[PDB]
Amino acid sequence: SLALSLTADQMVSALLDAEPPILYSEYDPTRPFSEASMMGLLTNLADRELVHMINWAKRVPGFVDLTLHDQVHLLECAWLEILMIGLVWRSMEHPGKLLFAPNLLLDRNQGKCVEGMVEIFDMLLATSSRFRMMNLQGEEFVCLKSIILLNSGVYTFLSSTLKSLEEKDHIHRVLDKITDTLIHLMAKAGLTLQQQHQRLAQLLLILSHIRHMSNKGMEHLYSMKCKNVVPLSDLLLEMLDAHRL
Amino acid sequence: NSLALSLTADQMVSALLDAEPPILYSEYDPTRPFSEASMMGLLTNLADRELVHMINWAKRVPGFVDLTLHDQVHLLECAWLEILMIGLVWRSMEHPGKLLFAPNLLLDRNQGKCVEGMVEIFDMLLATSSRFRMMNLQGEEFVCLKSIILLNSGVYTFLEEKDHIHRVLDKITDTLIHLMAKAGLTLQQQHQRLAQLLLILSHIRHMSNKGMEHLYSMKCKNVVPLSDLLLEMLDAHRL
Amino acid sequence: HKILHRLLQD
Amino acid sequence: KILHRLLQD
Ligand SMILES: CC1=C[C@@H](C)[C@]2(CO)CO[C@@H](c3ccc(O)cc3)[C@H]1[C@H]2C
Ligand SMILES: CC1=C[C@@H](C)[C@]2(CO)CO[C@H](c3ccc(O)cc3)[C@H]1[C@H]2C
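Just so you know, the protein sequences line up as chains Z, H, P and R, in that order.
One gets full-length UniProt numbering by counting positions in the first sequence from 1 and adding 304 to each.
Throughout the second sequence, residue numbering follows full-length UniProt numbering, covering 304 to 461, 469 to 549 in sequence.
One gets full-length UniProt numbering by counting positions in the third sequence from 1 and adding 686 to each.
One gets full-length UniProt numbering by counting positions in the fourth sequence from 1 and adding 687 to each.
The hints are simulated quantities; they were obtained by calculation from the structure and are not laboratory data.
For every residue, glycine included, the Cβ atom is placed at its ideal position computed from N, Cα and C.
Zero decoy hints are in this set.
Listed next, with one range per pair, are the computed distances between beta-carbon atoms: (1) 308(Z) - 497(H): 13 to 21 Å; (2) 314(Z) - 423(H): 34 to 42 Å; (3) 323(H) - 399(Z): 40 to 48 Å; (4) 325(H) - 369(Z): 41 to 49 Å; (5) 326(H) - 492(Z): 40 to 48 Å; (6) 330(H) - 546(Z): 34 to 42 Å; (7) 422(H) - 397(Z): 40 to 48 Å; (8) 359(Z) - 339(H): 44 to 52 Å; (9) 531(H) - 308(Z): 46 to 54 Å; (10) 308(H) - 313(Z): 32 to 40 Å; (11) 326(H) - 422(Z): 39 to 47 Å; (12) 337(Z) - 326(H): 52 to 60 Å; (13) 530(Z) - 309(H): 48 to 56 Å; (14) 323(H) - 468(Z): 24 to 32 Å.
Calculated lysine to any residue pairs in the SDA-like style (CA-CA distance at most 20 Å, straight line): (15) 520(H) - 420(Z); (16) 688(R) - 377(Z); (17) 688(R) - 545(Z); (18) 529(H) - 415(H).
Isolated chain Z (complex conformation):
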């Protein structure tokens, strides 16, 4: 796998180039918000981002080395975590607000327009505040997001019979290289060796909170689809059904 022969610099460069674009919302700013219209705007946005995510994943070093089946499984597992971390990244320089789209910037109290949603906003906002506190760099952001893709579903690969954990060596090798890349990036920015392992753990513990938000967000979206608040795209329905609730 050529992804294993990449230098740290080539890894960073490859991930930066694979970055999806920031999309716009169809929000008509002269129109009012309602629970249903807001959910419509957000799910619509998400669905369109999903298509760009799929093509981003294909550009993450080592992802295409995996079977179509493994790829599907990972993306099904990580999709919301990946949308959310990008959201939090986009919102870093908008304290107290979430930049869902350049033309769709919502504060906390606008979250209260959707029942159950402000709880999710509060978590996204606190995470955004942690990104600012740590002064997270873009290079680390793309490393974290690729780690989420390869890691989130890696321990849910079970054998058909016996259902025992399948050993995915290649996936772990890639993750290990992303670790090498993160450390390299920190050493180049002048962090001491001790600061490097401390900052590494801090960045990775962020993913625990991103998982949490993803699961709470998944339950919330699921709740809306079931109250028929908003119609979901087939892609979105399927991404949701890959999960249990």
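Given chain Z, work out where chains H, P and R with the ligands should sit, using these hints.
The following block gives chains H, P and R with the ligands in isolation, referenced to the frame of chain Z:
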């Protein structure tokens, strides 16, 4: 100033090893077959009793009593199922295919099918134990990871209180790295392993969220009465 | 009067 | 499955 922030790595490990809760037994009568209700009763009985030991372990985690009572409550309400689960996974390490809830209560994945929707949880736990085994997780590493979870899982949901916690979390990271250096790993392998261990916490969070929804599902189905303490730890996740 | 509350105090 | 097709397309 403080207390945890002046601990050496050896002292951190020593402190954590000493705080460790005992391995409790189940009231399981091994002469009688399981029902859905009896299984649930056994498991929730056990968990209730572990909760009491956990709270007392948490007070023994360096830097945990420095926090306000309400921050202590918040961290435990958030991490409790994650803490029980990593505990379970750690105990089951040397038992492939099995979950050692207690020494006298070692269950196979097929026995997860006693309780509706429980086998899906069992599989995730079994998968995590298999992974601990693959890494040859060490006991010293385990105690570090569990303390990390306690201090990390709710720290964003809280700021000197939060900066203090992050200082303590950095000491635990130092301690983990110390153990790896002590084990003769190279610099590059230390960094790699650290990442590998901490990424496991993302899966443990996932299992906790899923187990929380299952436990809540089992509470509505009212198959077994849960203790007030268990009910309150659970209700802290609702809403 | 949360039980956890009491257990932590004592 | 849409994801499946999007991935190979
Ligand atoms: C506290 C719990 C009780 C039982 C009902 C459940 C139901 O799936 C199974 O796993 C439980 C558990 C976890 C760790 C532990 O030390 C004891 C029980 C955990 C639950 C997810
Ligand atoms: C896709 C989502 C689904 C649920 C979790 C919510 C409502 O709570 C709907 O849309 C939000 C979202 C998040 C990130 C993103 O890139 C696009 C939309 C995000 C959540 C705000």
